[PDB]
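Next up: a single chain in structure tokens, the form solved without pteroic acid.
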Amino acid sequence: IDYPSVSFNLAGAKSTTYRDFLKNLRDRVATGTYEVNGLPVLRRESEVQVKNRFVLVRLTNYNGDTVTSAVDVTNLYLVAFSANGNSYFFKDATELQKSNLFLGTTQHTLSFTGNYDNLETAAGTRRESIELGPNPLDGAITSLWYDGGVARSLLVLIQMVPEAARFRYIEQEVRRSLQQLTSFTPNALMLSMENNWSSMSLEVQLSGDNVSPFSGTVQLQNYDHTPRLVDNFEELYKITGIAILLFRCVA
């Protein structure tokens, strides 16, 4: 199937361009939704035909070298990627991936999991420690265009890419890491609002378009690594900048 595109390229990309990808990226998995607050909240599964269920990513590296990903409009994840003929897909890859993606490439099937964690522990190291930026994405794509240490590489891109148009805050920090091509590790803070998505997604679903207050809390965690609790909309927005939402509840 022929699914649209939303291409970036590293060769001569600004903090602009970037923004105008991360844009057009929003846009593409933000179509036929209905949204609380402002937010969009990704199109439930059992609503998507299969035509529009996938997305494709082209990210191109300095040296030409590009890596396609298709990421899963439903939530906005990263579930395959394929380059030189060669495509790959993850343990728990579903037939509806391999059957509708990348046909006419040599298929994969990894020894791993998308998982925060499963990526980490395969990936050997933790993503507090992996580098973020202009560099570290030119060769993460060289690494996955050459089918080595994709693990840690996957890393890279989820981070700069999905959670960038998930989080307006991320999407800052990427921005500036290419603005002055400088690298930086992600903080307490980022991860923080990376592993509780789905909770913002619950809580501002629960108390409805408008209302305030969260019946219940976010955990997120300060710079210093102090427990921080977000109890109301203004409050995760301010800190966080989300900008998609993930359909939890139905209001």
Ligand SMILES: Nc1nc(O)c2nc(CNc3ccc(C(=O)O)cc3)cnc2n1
The other form holds:
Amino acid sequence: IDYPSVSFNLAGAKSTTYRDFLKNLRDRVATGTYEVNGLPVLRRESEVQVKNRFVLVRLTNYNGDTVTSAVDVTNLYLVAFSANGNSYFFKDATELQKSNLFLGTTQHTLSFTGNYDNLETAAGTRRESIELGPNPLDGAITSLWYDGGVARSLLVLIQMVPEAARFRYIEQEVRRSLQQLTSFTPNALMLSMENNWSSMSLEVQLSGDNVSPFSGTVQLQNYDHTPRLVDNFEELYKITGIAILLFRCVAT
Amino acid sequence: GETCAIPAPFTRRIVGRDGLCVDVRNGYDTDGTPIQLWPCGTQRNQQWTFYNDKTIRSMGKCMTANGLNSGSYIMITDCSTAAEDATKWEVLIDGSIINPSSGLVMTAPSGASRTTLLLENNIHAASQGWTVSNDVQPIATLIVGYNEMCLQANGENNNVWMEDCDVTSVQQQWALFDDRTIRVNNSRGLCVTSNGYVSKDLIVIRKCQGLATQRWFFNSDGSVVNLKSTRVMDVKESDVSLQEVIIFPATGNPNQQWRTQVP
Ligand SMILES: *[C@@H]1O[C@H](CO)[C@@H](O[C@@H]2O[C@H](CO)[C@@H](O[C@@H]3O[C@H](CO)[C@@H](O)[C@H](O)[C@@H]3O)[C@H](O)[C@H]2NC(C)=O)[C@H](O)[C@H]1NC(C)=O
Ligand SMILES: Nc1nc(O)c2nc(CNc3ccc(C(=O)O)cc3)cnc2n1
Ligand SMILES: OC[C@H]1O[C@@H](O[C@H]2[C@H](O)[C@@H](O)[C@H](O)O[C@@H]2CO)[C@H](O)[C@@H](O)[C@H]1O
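Now that we've seen the form solved without pteroic acid, could you pull up the form solved in complex with pteroic acid?
Below, the chain from earlier opens the complete complex, with every other chain and molecule after it.
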């Protein structure tokens, strides 16, 4: 199917271009009235057809060489990517994607799932040291384009788009990166909220719409590494700038 | 489908004025004991357990509104004999603890230590701004709005406009108080105040007095909306040079968007 797609060319790209790009991607995967406190809740397997199961992300590197990666509308996941008659899928790779994404290219599946740990372990490095930014993005697309698409490059993309799609904190972190044309590495916080999407997700679904306190607490972290536990939504927002919720439970 | 889950009781603190917590006078678990504002700290009288039934209680004795009618103060009394409606509370993300049946909200006339609380006509004032959490410490943050620029604080009673972001200038360091107000970290004595409730109304940095103009709600859409007046704070005409942020009808445009970044 001709799944919809959003684009973003690093060349002649301003902080605003990126911000707008992310918005569009959100308006896509994020639909369906189910939403608490204003934030939407990504649909679930049952409530999403294959004709709208994936969204494509067209990223053009400086040199023009543009790589495209399909995201899973039911979680904003980087399902796969393709470069010049070539397509790759993680060790997982379900028949759904393998039989609907980039049909016509060479379907050779990689050798490691999209799981963060899986990537870091395959890239030989952890997110804490894979600097993201304008240039790091170029090298990423480039490596995926030519080199076939290794882990490290993928790890650079995953955060730059999906992560920034659900976390406005990461959004601005990148927005300032392109604004100052300087790179940066994920901090304890960014990485923490990166790992607590599911948790904080249900924690907000638990309290419900227009409810501030959390039935539990979100285990975030400060730069010094000390634990930053948020027990209310107001805090979670003013810090993580979350803009996308993942389904876990349905209202009660 | 997949129904959620009924949460069990959890204990959290309650702040809502000059960083003061809500607690039971002298920590006496005796009935009739009123509720007042008081410097936070590790103490049961300050801890409050929230239940599914919609009750809040410390020392085990439910927190009820005692008498009921605009001006009726709050106190703690046995849950059983507690007047059915005078014990149920609601905590909306608007940073307010409204009492269902009545419609009155936990208001703190003044923010002086020892100040007793009471149900009052919800009007949207910093006095009627509460935040339940165990972390009674506000987070430092820069309010980055239009063109990746950070909102800057000038002088007392002076305006407030977008200036080139600087993670060092304290004039850009904003302390988000649990009372739903925004004050200068440097000097938490002045809150981001508005001059009116009509569009184009100029925003500034007046003193903190719990005024309905100093009550800011951070909409999940990215806009800092003034509660009393549905108007949001934005960059006048977008021309940052004008040096003025004001209240204006939500347009859903970037010139009304704000991002609160950590330290
Ligand atoms: C925001 O402003 C507040 C003050 O309005 C700052 O609060 C406190 O600031 C002090 C100074 O950095 C922190 O430590 C202090 O260090 C001195 C020197 O050793 C010592 O004499 C004091 O006893 C205290 O340890 C203090 O931790 C900090 N917070 C509190 C609750 O006291 C705050 O640091 C400012 N935040 C930012 C990001 O600038
Ligand atoms: N391939 C791929 N694509 C992503 O978009 C992604 N996002 C995260 C970070 N965010 C999440 C999201 C969902 C979940 C959960 O359901 O458990 C956990 C963490 C980590 N790895 C990822 N890997
Ligand atoms: O009323 C104001 C404020 O004071 C404290 O109350 C008691 C406290 O409960 C008791 O254990 C201690 O011995 O003496 C305090 C005298 O102030 C509490 O700290 C607070 O919760 C309020 O109760």
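Positions refer to the first chain, counted from 1. Only the largest set of C-alpha atoms that superpose within 1.5 Å between the two forms is called the rigid core.
- 147 is the only residue from 147, 117, 92, 131 whose Cα shifts by 2 Å or more between the two forms, the rigid core being superposed.
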